[PDB]
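Asks: Here's the letter readout for the chains.
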Amino acid sequence: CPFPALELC
Amino acid sequence: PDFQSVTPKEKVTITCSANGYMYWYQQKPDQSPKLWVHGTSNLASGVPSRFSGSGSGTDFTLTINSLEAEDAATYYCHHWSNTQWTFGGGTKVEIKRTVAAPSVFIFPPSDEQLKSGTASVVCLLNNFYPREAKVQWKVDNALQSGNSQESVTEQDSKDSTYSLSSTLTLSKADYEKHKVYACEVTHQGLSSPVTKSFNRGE
Amino acid sequence: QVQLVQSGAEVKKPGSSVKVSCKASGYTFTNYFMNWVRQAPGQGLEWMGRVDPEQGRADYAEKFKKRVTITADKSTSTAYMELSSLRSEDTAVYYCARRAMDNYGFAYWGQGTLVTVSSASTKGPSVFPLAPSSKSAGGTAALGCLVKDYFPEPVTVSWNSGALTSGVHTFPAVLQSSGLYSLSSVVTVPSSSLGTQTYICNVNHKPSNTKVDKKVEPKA
Numbered sequence: 001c002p003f004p005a006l007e008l009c
Numbered sequence: 009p010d011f012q013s014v015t016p017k018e019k020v021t022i023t024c025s026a027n031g032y033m034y035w036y037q038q039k040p041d042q043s044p045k046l047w048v049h050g051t052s053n054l055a056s057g058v059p060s061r062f063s064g065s066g067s068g069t070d071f072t073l074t075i076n077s078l079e080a081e082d083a084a085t086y087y088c089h090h091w092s093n094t095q096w097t098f099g100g101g102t103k104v105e106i107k108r109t110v111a112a113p114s115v116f117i118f119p120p121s122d123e124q125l126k127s128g129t130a131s132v133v134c135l136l137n138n139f140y141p142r143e144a145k146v147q148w149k150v151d152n153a154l155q156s157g158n159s160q161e162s163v164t165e166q167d168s169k170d171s172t173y174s175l176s177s178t179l180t181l182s183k184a185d186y187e188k189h190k191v192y193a194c195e196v197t198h199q200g201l202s203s204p205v206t207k208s209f210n211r212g213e
Numbered sequence: 001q002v003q004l005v006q007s008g009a010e011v012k013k014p015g016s017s018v019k020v021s022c023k024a025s026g027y028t029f030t031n032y033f034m035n036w037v038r039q040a041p042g043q044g045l046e047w048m049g050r051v052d053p054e055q056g057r058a059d060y061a062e063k064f065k066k067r068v069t070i071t072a073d074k075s076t077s078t079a080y081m082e083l084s085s086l087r088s089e090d091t092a093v094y095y096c097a098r099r100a101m102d103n104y105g106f107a108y109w110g111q112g113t114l115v116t117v118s119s120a121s122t123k124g125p126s127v128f129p130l131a132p133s134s135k136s137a139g140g141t142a143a144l145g146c147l148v149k150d151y152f153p154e155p156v157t158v159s160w161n162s163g164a165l166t167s168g169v170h171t172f173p174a175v176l177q178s179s180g181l182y183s184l185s186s187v188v189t190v191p192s193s194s195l196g197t198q199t200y201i202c203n204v205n206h207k208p209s210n211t212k213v214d215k216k217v218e219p220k221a
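Chains as they are written, first to last, in the deposited numbering: chain F, 1 to 9; chain L, 9 to 27, 31 to 213; chain H, 1 to 137, 139 to 221.
Bear in mind the hints are in silico, worked out from the structure with no lab data behind them.
Relax, there's no trap hidden among the hints.
Below 20 Å or equal to it, Euclidean Cα-Cα: the simulated EDC-like pairs (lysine to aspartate or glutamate) are:
{"no.": "1", "chain 1": "H", "residue 1": "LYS216", "chain 2": "L", "residue 2": "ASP122"}
{"no.": "2", "chain 1": "H", "residue 1": "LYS220", "chain 2": "L", "residue 2": "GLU213"}
{"no.": "3", "chain 1": "H", "residue 1": "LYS220", "chain 2": "L", "residue 2": "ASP122"}
Under 8 Å between C-beta atoms, here's a sample of chain H residues computed to sit facing chain L:
{"no.": "4", "residue": "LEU45"}
{"no.": "5", "residue": "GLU62"}
{"no.": "6", "residue": "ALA100"}
{"no.": "7", "residue": "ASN103"}
{"no.": "8", "residue": "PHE106"}
{"no.": "9", "residue": "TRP109"}
{"no.": "10", "residue": "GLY112"}
{"no.": "11", "residue": "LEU130"}
{"no.": "12", "residue": "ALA131"}
{"no.": "13", "residue": "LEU147"}
{"no.": "14", "residue": "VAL175"}
{"no.": "15", "residue": "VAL187"}
Quick list of simulated restraints, FRET-style, between CB atoms:
{"no.": "16", "chain 1": "L", "residue 1": "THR206", "chain 2": "H", "residue 2": "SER88", "range": "32 to 40 Å"}
{"no.": "17", "chain 1": "L", "residue 1": "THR109", "chain 2": "H", "residue 2": "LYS66", "range": "44 to 52 Å"}
{"no.": "18", "chain 1": "H", "residue 1": "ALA40", "chain 2": "L", "residue 2": "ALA184", "range": "35 to 43 Å"}
{"no.": "19", "chain 1": "L", "residue 1": "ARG61", "chain 2": "H", "residue 2": "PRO208", "range": "38 to 46 Å"}
{"no.": "20", "chain 1": "H", "residue 1": "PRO191", "chain 2": "L", "residue 2": "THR74", "range": "42 to 50 Å"}
{"no.": "21", "chain 1": "H", "residue 1": "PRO219", "chain 2": "L", "residue 2": "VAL191", "range": "20 to 28 Å"}
{"no.": "22", "chain 1": "H", "residue 1": "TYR27", "chain 2": "L", "residue 2": "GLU143", "range": "44 to 52 Å"}
{"no.": "23", "chain 1": "L", "residue 1": "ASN158", "chain 2": "H", "residue 2": "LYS13", "range": "28 to 36 Å"}
{"no.": "24", "chain 1": "H", "residue 1": "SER192", "chain 2": "L", "residue 2": "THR206", "range": "14 to 22 Å"}
{"no.": "25", "chain 1": "H", "residue 1": "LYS66", "chain 2": "L", "residue 2": "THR74", "range": "35 to 43 Å"}
{"no.": "26", "chain 1": "L", "residue 1": "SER56", "chain 2": "H", "residue 2": "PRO208", "range": "34 to 42 Å"}
{"no.": "27", "chain 1": "L", "residue 1": "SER156", "chain 2": "H", "residue 2": "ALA221", "range": "32 to 40 Å"}
{"no.": "28", "chain 1": "H", "residue 1": "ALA40", "chain 2": "L", "residue 2": "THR15", "range": "27 to 35 Å"}
Note that beta-carbon positions come from the ideal geometry of N, C-alpha and C, so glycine has one too.
Based on the provided sequences and hints, a complete structural model is requested.
Replies: The following block contains the structure:
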C-alpha cells in the first residue's frame, strides 16, 4: 500500500 | 547523529530537510521514542508548549524556547515519502555549562593481570565540560597510536559534566620493555596539557 | 490503555534467525498497521516495514527488502518480525509501533527487543584493581575496577555492597577486537580514608553466573 495509514489502503 | 549544546533558558531550532506532514519524536537513553509533534506544527499530548514545530518549502523545524534540563534528549523527524517512512538522523541536545577542567589519574596494570600475559594501563579524566578532550599515551616518550580504546559517560544529572576512561593495552613482554608510562590530556579548561605518569614497578 | 508488549532479548550467532513478537491490547487489532523500527546501538531510528493485520499484507522499506518477514496473528493480537541469516550488523533494538488515534505519527511503541548477533561465546569477566596512587594528596583519590573479557552484556558493578554511590562512574563497555567486552568502574574518595576504609567492587555477570568481590587497596 502506498499510503501512510491503513485507513487509506 | 548531530550534537548541540544549549544553555538552560536559551532557544534552539533544529532543522530537518525533506521533500506533506512532518512528525517529530523525543527519545532518552533506555527508553522508547515519544511522539512530540505531528502534522508539522501540532504538539503531541503532554508536550510542553515551549516546543513548536514549523515548516516551509523543504525546511522543517523543531524549536525549543527557553530550554529546560528535562529537554536534554535526542530528537528525530519522520515523514512519509513515496512508499515508505523515513526518519532523519537524530539531533542530541545536551546542557551547556561553564568550562570545567578534568581531574586526571593514571593506573598501572595489576600484578594479578600481568601474571597472565596482558597489561591494561588506564587513564581517567574526571568531571569535565565540554565533552571534547584529547588523550595522548606516551611510553618512554614515544607517542602511541592504535593500541588504546576509550569510553565516555553520559552528562551528569547534578553538575552536567562528563568523565572519560582511556585504556592502553600492551602484551606483558612489551610492557616490561619500557619504564615510563604517561597520559597527556588536553582540554579547553586546561591552560596547558596535564601529564600523569608512573615508572614501571615503583 | 493501548499497550504493546514485546518478547525478550536474544543473543544470536551469525547465520541464525530470530522471530520477535509484539502483543497488542487496548484497541481493535485489525484497525491499524503494526510497524517495525530498528535502532542500532547509539544510532538512529529506521523504519523497516509494517503488516496489515486484517488482510495479512506487508510492506517493506527499501533497505529491508531481504531477510525480513513481518506477519500478524489476528486470533492472539500478535505481530511478528522474523530476521533471517543474521549478521553482526543486525545488532539492534527492534521496536513495534502503532499510530495515534487522531494522526499518523507513531504514538505507541513497544518496550523494544535487543537482538545481539555475535560469534562470541558466553564468558565471565576477570576483575582487576585500579589501585589508588601513592602520590595522592588535592585531598581526593581515585580508585576502581577493570572488568575485562566478558560476553554477553551486561555486568553490574556496585561499591561496598551498594553503600558507596557518591562519586561513582561506571563507564559504557567497549567491544574489543576479540569480540569480548571490557568495562571500568571508578570512584573518587578522600585521600585520608585510604589507610582506614575498605573499598570493594561487587561485580555480577549473570549470563555466566560469575560473581566477584574484589577489594581495592593501595599497592605496597
